[PDB]
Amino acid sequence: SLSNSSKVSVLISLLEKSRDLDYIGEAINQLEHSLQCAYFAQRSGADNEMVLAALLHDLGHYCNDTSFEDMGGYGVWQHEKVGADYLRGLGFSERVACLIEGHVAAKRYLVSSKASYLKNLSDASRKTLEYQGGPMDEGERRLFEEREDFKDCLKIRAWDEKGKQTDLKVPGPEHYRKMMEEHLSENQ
């Protein structure tokens, strides 16, 4: 496969492309959203795996045919699975992939824990919830609470909902190049 450096160049290219996707309407695009999330993680003192999970959590959304092929999304569709599986294939840690794959479940948990959380959801997050099994029931919450990455998943999703700031200067994707290169190296 590609070197770690070039795998990261590919990821940065995919991140830059995601600027073309709306996130909070046209006002906040997906790249801006992802960069804010990475920043919240970083400046909260989170570890590199958390920062990378935050940066990359939405990479799996369908952007165009070529990028979706690059990531292998066809037949899978769910962005949390598409992104997590792509990163696993590149050699990211299981921890990073699980934080990403879990961010839909995290929303279902939060809504069930505090109905008021529903009010924090974007139009899209509110409607996708209808097709993700709705809020978790008690038994589902128990299982989720058992996960070794339970609280970390909740943090990722709290940052996710927060990643809609209109006037926030945060570093771009290149800022995280070394962090991604080091992660790939550590995980060989």
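Numbering follows the first chain given and starts at 1. What we label the rigid core is the largest C-alpha set whose atoms superpose within 1.5 Å from one form to the other. First, how it differs from the form deposited in another entry.
- With the core held fixed between the two forms, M179 has its Cα displaced by under 2 Å.
- Positional change of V76 between the two forms reaches 2 Å or more at the C-alpha, relative to the superposed core.
- Annotation for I24: C-alpha shift of 2 angstroms or more between the two forms, rigid core superposed.
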The other form holds:
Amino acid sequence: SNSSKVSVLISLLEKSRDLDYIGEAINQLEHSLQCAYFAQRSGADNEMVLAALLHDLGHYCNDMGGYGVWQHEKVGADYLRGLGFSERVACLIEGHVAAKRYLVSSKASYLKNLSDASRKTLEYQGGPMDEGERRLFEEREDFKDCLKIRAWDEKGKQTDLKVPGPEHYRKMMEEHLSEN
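Alternative state: the form deposited in another entry, after the form deposited in one PDB entry:
Just the single chain follows, nothing else.
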């Protein structure tokens, strides 16, 4: 079914509120919700919103500071592939880490924009990209969308911010599973 797959996701999400914040300022649920809030606010399609909603899903579905889970972009992507999510949502989520490594190596002042948690994890994710590694990232057809998502992940750290719950994105997740 599709109503149960999303019922597991919303269950996985709501339980992140009870976790260890992984060094951030808001719990892992508000971080997920604010990203989807900023994604939907920009007028982006449903695929971009869901990707931002589940970009750090690999932190609590199964070693980094500890400020997170190893390959949380890969683990989070693989988990959604099993549910039937599109490859676009998978790669956008899997490329959210590489998006930061690109922005840091490109913008000489992007490190300050980073959270304390995200900066510490960079020393586990590969640090600043080399000259040749950022070459391949720019070759991606979703090179634009990957940078927009990471911008929402850095912006989604607000403490005094009201954001719709996971139930607001339930219908969006159900319709997405039907298209695939």
